[PDB]
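Asker: One letter stands for each residue in the lines below.
Number of protein chains: 2
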Amino acid sequence: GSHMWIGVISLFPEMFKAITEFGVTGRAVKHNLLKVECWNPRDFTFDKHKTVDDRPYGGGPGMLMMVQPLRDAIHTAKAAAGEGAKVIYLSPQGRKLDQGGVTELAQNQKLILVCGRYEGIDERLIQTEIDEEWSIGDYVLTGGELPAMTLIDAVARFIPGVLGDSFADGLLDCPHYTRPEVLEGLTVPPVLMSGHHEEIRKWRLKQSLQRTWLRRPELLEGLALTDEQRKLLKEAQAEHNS
Amino acid sequence: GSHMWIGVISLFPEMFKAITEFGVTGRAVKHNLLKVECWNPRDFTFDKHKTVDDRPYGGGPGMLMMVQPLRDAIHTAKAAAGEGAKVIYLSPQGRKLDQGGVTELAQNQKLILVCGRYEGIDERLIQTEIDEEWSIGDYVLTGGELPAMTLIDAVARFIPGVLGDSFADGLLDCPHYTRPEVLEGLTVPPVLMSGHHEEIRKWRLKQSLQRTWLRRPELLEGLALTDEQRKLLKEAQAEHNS
Ligand SMILES: NC(=O)c1ccc(NCc2cccc(O)c2)nc1
Ligand SMILES: NC(=O)c1ccc(NCc2cccc(O)c2)nc1
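In the order they appear, the protein sequences are chains A and A'. A prime marks a further copy of an entry chain. Note that the first sequence covers residues -2 to 161, 169 to 246 in the authors' numbering. Note that the second sequence covers residues -2 to 161, 169 to 246 in the authors' numbering.
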């Protein structure tokens, strides 16, 4: 349908089994809603020791991805993708990922995700081969693989058929409760047992607004609250001030 | 040494092979710098079909983690951990992870990471079993496993012996270059070929400052720049204004 093809360039393709073999994403792959195809720069080496790293000009303690095997792997993935694939490099220097950015990236039918290791890749490859540079958050990991998997999982959720959000309207989720009715002395809010669908809807919305206000008030300033939301937030804030 | 033990509660323990079997984190596990131990709530079920999800009070289209198997798995992990383990729940409602938060979490010798699936876990379990709620970014994934792996990888980097940052001083990284000297017409900055260590250090620092200013200027307002940094940033900005 709105099938997504994702090409991955990675020195550790087997890490991606974590998303292709399990859960909701594993089902998406099995049902051909999502295709994940990996190229390993190690396969594009020609020396005896299959060297995939190289020394940075100017010195320093770190290494970089070696250009030739990585470049060749990228070119091979682009040829497989055909026309219209967006090439993305995951790094801490990239555009910060959030749900709006996920929905933007999900519009692409084809993506190629380049996973850097060591201290990343040559700046000129970013200039010549990469379309967009993205970050999954302001922290440093040992490789771009977990960020690529994170991105794949987040965009997969927008593929029709993959799933069987309060974040959609920009708020944190309300609390949820399941059995038992009492758990270490803590009871389920009676409204959720009432069967009153409208009261339940409004309770949940009010809780989301109150939680967003208390935990992440900057998220609220980015929203144009509806009439109903302005009301429930005012109520939640008044109850908080007792 | 500063060994880290991380207990994981997950319906898909095999996803964690992505960090325990490969790369720098895989080496940390093999060398006993990092221990990752998983408990699967499915193993704590008692019904024939090993049910691990349950219906939310109040209705709605989603499911929650079933309380009893998850609670029992958590209790088992806590007993294994002994004293002083911090229990962390990964969710979009949690404290946003950044490098400072990683360095804080890395101070813990023991962590227990609870991975939610479906629409997450019962709010009362958060109250009774969870010490801290963390998010790896403002986006929604199909489970807490990739966020837990992300957290594990980020904190592992602070374990002595695991690695063989410009982010440390709060800036984006400078560009890096490796062979060849010319790549699709693009040359390496001559300073990096000069062998002049101090000029190279200052170039890199100036590039980091310029890149942080252009891409993420809000990161700069959070810093108390050194004298040297104030100077190189002014220079970079003047060159940008030509
Ligand atoms: N925040 C992220 O999206 C993210 C991405 C990659 C990564 N590590 C690989 C890498 C890649 C580039 C430069 C570099 O120094 C290290 N760590 C975190
Ligand atoms: N941003 C994160 O750290 C993150 C964490 C978990 C997650 N999904 C599992 C889950 C857990 C809780 C509620 C819920 O609705 C879904 N997705 C993203």
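Honestly, the hints are just simulated from the structure, not real lab data. Fair warning: there could be bad hints in the mix.
[To be verified] Calculated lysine to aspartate or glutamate pairs in the EDC-like style (CA-CA distance at most 20 Å, straight line):
{"hint": "1", "chain 1": "A'", "residue 1": "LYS206", "chain 2": "A", "residue 2": "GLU120"}
{"hint": "2", "chain 1": "A", "residue 1": "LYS210", "chain 2": "A'", "residue 2": "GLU120"}
{"hint": "3", "chain 1": "A'", "residue 1": "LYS210", "chain 2": "A", "residue 2": "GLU116"}
{"hint": "4", "chain 1": "A", "residue 1": "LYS206", "chain 2": "A'", "residue 2": "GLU11"}
{"hint": "5", "chain 1": "A", "residue 1": "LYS27", "chain 2": "A'", "residue 2": "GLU120"}
{"hint": "6", "chain 1": "A'", "residue 1": "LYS93", "chain 2": "A", "residue 2": "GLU185"}
{"hint": "7", "chain 1": "A", "residue 1": "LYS32", "chain 2": "A'", "residue 2": "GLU120"}
{"hint": "8", "chain 1": "A'", "residue 1": "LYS206", "chain 2": "A", "residue 2": "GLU116"}
{"hint": "9", "chain 1": "A", "residue 1": "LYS14", "chain 2": "A'", "residue 2": "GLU129"}
[As the list claims (entries may be wrong)] Calculated Cβ distances over 10 Å to all of chain A' for the following chain A residues:
{"hint": "10", "residue": "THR42"}
{"hint": "11", "residue": "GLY140"}
{"hint": "12", "residue": "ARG154"}
{"hint": "13", "residue": "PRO221"}
{"hint": "14", "residue": "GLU243"}
Backbone N, C-alpha and C define an ideal beta-carbon position, used for all residues, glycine too.
Asker: With reference to the structure, classify each hint as holding or not holding.
Answerer: Hint check results:
Proposed proximity of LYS206/A' and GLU120/A is supported: the alpha carbons are some 18 Å apart, at most 20 Å. Proposed proximity of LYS210/A and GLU120/A' is supported: the alpha carbons are some 16 Å apart, at most 20 Å. Between the alpha carbons of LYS210/A' and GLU116/A the distance comes to roughly 18 Å, so the proposed pair stays at or under 20 Å and holds. Between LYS206/A and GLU11/A' the alpha-carbon distance is near 40 Å, which puts this suggested pair outside the 20 Å criterion.
Taking the CA atoms of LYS27/A and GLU120/A', the gap is about 33 Å. The hint is violated against a cut of 20 Å. The suggested pairing of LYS93/A' with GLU185/A is violated, with an alpha-carbon distance near 31 Å, which exceeds 20 Å. For the hint linking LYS32/A to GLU120/A', the alpha-carbon distance of about 36 Å lies beyond 20 Å, and the restraint is violated. Between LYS206/A' and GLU116/A, the direct Cα distance comes to roughly 19 Å. Compliance with the 20 Å bound is thereby established for this hinted pair.
Between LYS14/A and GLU129/A' the CA atoms are separated by roughly 29 Å; this puts the pair beyond 20 Å, and the hint is violated. At the 10 Å boundary, the C-beta of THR42/A stays outside the reach of chain A', the nearest C-beta of that chain being 14 Å off. Residue-level check failed: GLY140/A sits 6 Å from the nearest beta carbon of chain A', not beyond 10 Å. Non-interface status of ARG154/A relative to chain A' is broken: a Cβ of that chain comes within 10 Å, the nearest being about 6 Å off.
With a least CB separation of 13 Å from chain A', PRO221/A remains clear of the 10 Å interface cut-off, as annotated. Every CB of chain A' lies more than 10 Å from the CB of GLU243/A, the least distance being 17 Å, so the non-interface label holds.
Hint compliance for this structure: hints 4, 5, 6, 7, 9, 11 and 12 are not met, and every other hint is.
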